[PDB]
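**Student:** Given only the sequences and the hints, what does the whole structure look like? Please build it.
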Amino acid sequence: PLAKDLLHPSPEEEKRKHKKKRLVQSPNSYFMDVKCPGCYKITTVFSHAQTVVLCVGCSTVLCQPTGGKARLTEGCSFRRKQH
Amino acid sequence: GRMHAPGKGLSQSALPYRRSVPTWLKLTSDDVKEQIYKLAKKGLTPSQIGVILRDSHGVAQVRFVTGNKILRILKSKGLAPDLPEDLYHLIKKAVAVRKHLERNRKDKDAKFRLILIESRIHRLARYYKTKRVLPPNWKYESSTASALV
Amino acid sequence: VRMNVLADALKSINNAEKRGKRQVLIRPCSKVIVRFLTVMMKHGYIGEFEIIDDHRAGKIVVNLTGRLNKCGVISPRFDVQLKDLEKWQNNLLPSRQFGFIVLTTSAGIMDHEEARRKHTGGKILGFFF
Amino acid sequence: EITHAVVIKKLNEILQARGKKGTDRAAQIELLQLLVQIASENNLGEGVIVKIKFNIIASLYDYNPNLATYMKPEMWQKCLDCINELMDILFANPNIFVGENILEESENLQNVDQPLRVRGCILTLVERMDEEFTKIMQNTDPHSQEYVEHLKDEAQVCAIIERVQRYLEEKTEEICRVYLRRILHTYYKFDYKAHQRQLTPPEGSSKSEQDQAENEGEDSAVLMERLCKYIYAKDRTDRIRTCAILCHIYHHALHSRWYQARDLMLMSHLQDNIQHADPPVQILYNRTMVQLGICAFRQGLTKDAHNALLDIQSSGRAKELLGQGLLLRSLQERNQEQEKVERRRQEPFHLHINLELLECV
RNA sequence: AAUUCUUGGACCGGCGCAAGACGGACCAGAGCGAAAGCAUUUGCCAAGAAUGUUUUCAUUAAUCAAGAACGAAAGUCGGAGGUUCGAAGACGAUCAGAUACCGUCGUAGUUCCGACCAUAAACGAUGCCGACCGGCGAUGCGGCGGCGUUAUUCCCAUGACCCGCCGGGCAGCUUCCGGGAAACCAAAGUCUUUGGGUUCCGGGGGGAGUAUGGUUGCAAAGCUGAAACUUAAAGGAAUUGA
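Chains as they are written, first to last, in PDB author numbering: chain c, 2 to 84; chain O, 2 to 150; chain X, 2 to 130; chain 2, 323 to 493, 496 to 685.
Bear in mind the hints are in silico, worked out from the structure with no lab data behind them.
Label pairs and their computed distance ranges (CB to CB):
#1 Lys643 (chain 2) to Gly76 (chain c): 18 to 28 Å
#2 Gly68 (chain c) to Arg20 (chain O): 21 to 31 Å
#3 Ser107 (chain X) to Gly10 (chain O): 36 to 46 Å
#4 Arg72 (chain c) to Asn70 (chain X): 54 to 64 Å
#5 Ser107 (chain X) to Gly68 (chain c): 55 to 65 Å
Here are some chain c residues pointing at chain X (derived, C-beta under 8 Å):
#6 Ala4
#7 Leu7
#8 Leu8
#9 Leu24
#10 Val25
#11 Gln26
Cβ atoms here follow ideal geometry from the backbone N, Cα and C, with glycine treated the same way.
**Tutor:** Set out below in structure tokens:
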């Protein structure tokens, strides 16, 4: 390839590229509305949390910090927030 | 590449284009300012306040929710600690290495790594002296460096 | 570290041209680069270009034609007097017919032809031929 | 040992690895236990222990990584002891034990937000316990002798939910939560329980002050549902006046009047109104509506009962009262159902209701 | 073969005892470290790269005379120790001769603690920081996504495989990128189309890393370092012969 459309890359190619090496850099992370099996109130949690996010009143604990993405505990539905 | 290492690590944050605060966030400038005040007065560095906010409360960046940087909020309110929270951490490490090295005398590696950390303390201390964050008399001296926590 | 930004911009154009690419990506854009590339374009060595605008130093995608031989920088930026344009463009440029020395004058950034025209010295940035 | 200048500052260095990966999860309750069996001085082993224990039981619940799996009987009994001791040392200590100025120390920690949302970190312990106890019951073979060995703790639970209820330093307004809890245990206690606290007729038999202590329980639904309903016409949420009334309706069935509980079921008008709540409300509605038809039959109202018990038996998917029924269409959602499923001894028998449609007709 | 050992029972075999060295096979064109270098278990102490990040500070950075830390082996002084091996030396052979190769002994040393010395083919014989310019298959660490296999049998979920993607690292294969005197090198490329930043350093071969002065070390010696005089080649890669 000599001719490549540098201005208009297709989404798959720049979804693949390292987050800094894209044309306009953008994070691979997100925020997610996540709820407990018992309670009704929802909590906003970061994709790569890196803290332990306690359910308000320490009713339980939602996430656990790891290398990359924060592991959400078993029996907690989540809906990733978008803008 | 790293200041005192042969590594060429590419691993840091990537801010999005849109600086606009998203719709789901209901925390206003004064609500997060009350939150930042509470966290700092509990005893917590501008770094640890920032992660607490984005992890638990869902505050993308405080510079967009508020109009200020966390330290400019805290130093305006007068809750900013005197000697900065990177100079602090370099001194704290340097004391921790020297305390180890005073016991384990034949630790030639700890001796070399202590020299590297102290070269980094001097180099950041003089930046803060020029920018008038420290007095011109401020000294890093291992004799009474433990007096600084 | 990146001490000269125009130096790397022109080297990356030069390698892209030699390799036979149709267009190239310049990373840290600046007024001096955009003002260099408009002088190139005005004679017609590069086509159009589009400066991609993030909230940082921008990026430039330049439409290369195959009518550029060499585009090189001169660091350091020497103080070229008007009576020295000849002895600079004698040993930098290939011939007296084609090739240009862009130099930053008080008027703006322009080639040796217009610097002679307006009766002005300045500082050499680079050359393209 | 030192005036909570080392105790509140270790409590935090042991309650920091809570939910971190390499914590082991198991050798943590030990370190939280070696702060009441090593703490043995006044407000230093005796008084501030409210807080050390709040973090001892919260971590004991967190011996289970999953929230869709049941606790084990050893740590379960340990909880039922651990919860009791807090209640007994809290009763004879008329003070708010996460703040609210009393003397000077070791309470009055108003430095942290406000002693309500962690002062009401007592019922969210015993409420989490009540939601835990259902997992023990759902995850046992119902025809086994282990099931009845496990139901022997149904009595142990209802004594603690009574003890936390007697704790009326509320601020009905917001104790409504443990009124819903209390009635959710008693609303289906049968005639032998209901009748045989007065049906030994009141003479020199059972109307003395020391025997009339369990006859409080049948006329308790009326005592408590009245509050939990007529305050939540003002208060916000839906669940703690709709679970409460359906408990009142279901309890006023299976022993008392058809006419009494039809007015309540018509008053609510859920016949056509309950459409857009959650299935864990729409299940106990079905249980109530089935108990309507059974009571009408048992009374001898043998066509208004038939005109009611049609569409349940007409459809083969009548298993909205029991465990999950038929095979496929979404494994992904069939997994969600087997923690919605109602407990065994609560289930009304199904060759009992098949023999109520096909006898009313 | 001999010098050595052995009927005051050597060598071989069994059961124990002590000593001081050393960590085989697993062990790899694998890993870590600024280089020297680093391998049985477990515990304690401080350090570190890479990755992840919608955390924080806001130019704080790159390279560096002066100055400073570490620096294999050998070697010197002091204390402890001395299993193996072994400069010196004692012989036994071979040889024209052997002051060597070979063989039996063997002091210093080899090992540990504390002071020195500061050099190696200390090598990638290749300064560091930054950007750009082909392809392929693997590999070590971190992350991310996906049929399926196997263990936790209850498999949520982790571990062992499988298929791909991203970033740092040790390397490999391949080509008319291009360069080069070539051997060859994706860097030793982007160099008469000569300019990104900066430190050290070379000028035909000898004389000579010698003399002398200075400085460091207890000593050995280290760092800095000429001249007279002699000489037309010395040398590098590759080719064809012998």
